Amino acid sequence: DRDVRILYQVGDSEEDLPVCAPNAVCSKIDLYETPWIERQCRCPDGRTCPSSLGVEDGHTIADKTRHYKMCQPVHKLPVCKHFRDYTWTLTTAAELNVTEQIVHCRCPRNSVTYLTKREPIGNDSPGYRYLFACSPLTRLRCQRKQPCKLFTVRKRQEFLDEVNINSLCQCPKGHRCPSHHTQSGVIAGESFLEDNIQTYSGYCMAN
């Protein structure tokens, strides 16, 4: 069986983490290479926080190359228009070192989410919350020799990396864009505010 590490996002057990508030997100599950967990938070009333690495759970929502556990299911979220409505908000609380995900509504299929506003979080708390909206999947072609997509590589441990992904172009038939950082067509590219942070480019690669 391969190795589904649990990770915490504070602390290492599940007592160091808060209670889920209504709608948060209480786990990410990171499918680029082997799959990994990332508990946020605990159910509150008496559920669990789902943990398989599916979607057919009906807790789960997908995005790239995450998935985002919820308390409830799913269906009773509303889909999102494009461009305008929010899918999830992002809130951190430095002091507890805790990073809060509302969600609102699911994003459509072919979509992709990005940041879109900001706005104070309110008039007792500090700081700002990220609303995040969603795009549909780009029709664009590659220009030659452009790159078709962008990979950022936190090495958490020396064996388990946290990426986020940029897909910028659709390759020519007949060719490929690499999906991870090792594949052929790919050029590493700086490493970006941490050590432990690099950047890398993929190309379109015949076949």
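Rigid core (definition): largest C-alpha set, two forms, superposition within 1.5 Å. Residue numbers count along the first chain shown, from 1. What changes on going to the form deposited in another entry:
Core-superposed comparison between the two forms: the CA of residue 195 exceeds or equals a 2 Å shift. The rigid-core alignment places the CA of residue 58 less than 2 Å apart between the two forms. Residue 184 is among the residues whose C-alpha shifts by 2 Å or more between the two forms once the rigid core is aligned.
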Contents of the next structure:
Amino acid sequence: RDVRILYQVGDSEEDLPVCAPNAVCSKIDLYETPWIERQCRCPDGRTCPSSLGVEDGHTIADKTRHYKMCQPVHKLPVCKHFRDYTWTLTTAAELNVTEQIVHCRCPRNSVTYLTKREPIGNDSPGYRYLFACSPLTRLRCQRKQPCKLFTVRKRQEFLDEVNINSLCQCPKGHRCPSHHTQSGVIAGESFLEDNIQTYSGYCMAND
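Starting from the form deposited in one PDB entry above, please write out the structure of the form deposited in another entry.
Next comes a single chain, given without company.
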């Protein structure tokens, strides 16, 4: 009974890998019909929370999603530096599995967004997706620093959801594009797993 439970690999706790330190153990999507996707098994002597709320102290709430941790979330530092990565999502070539390691927590009402993709590195073929926390206060943009990031999700055949994050203040004599097909915007990262596509907008010459 209760919430429909799926697994990123196989079809049961059995098929699941063991979690590394500070990894997401379960992903809860609460958009239409709430579902829980098991990522891994907690290294003992601990176990995965399954509450749909955030009261247990093991949950990171993020827009439309909840991420369950094995250890209490307060043991993680709060992020305060620029483009410190709140978490990284790694996907390996030969692995049927993906890991999401949390490095820090975004401050009150700061939303994560996909910012970078990069090769895992030496030994592993694959990619690493980087997420950061949106700025609490708005500063001046520098060259090559994006002022706007558009995240387009295909929710279904006939429903698209576009999140628009305003990152910094364009300098006098300049303005930031308002929609993602406008000029001064290029395609960023295309994380197909979540059916998302990112676009970055840069400060453009006025008029």
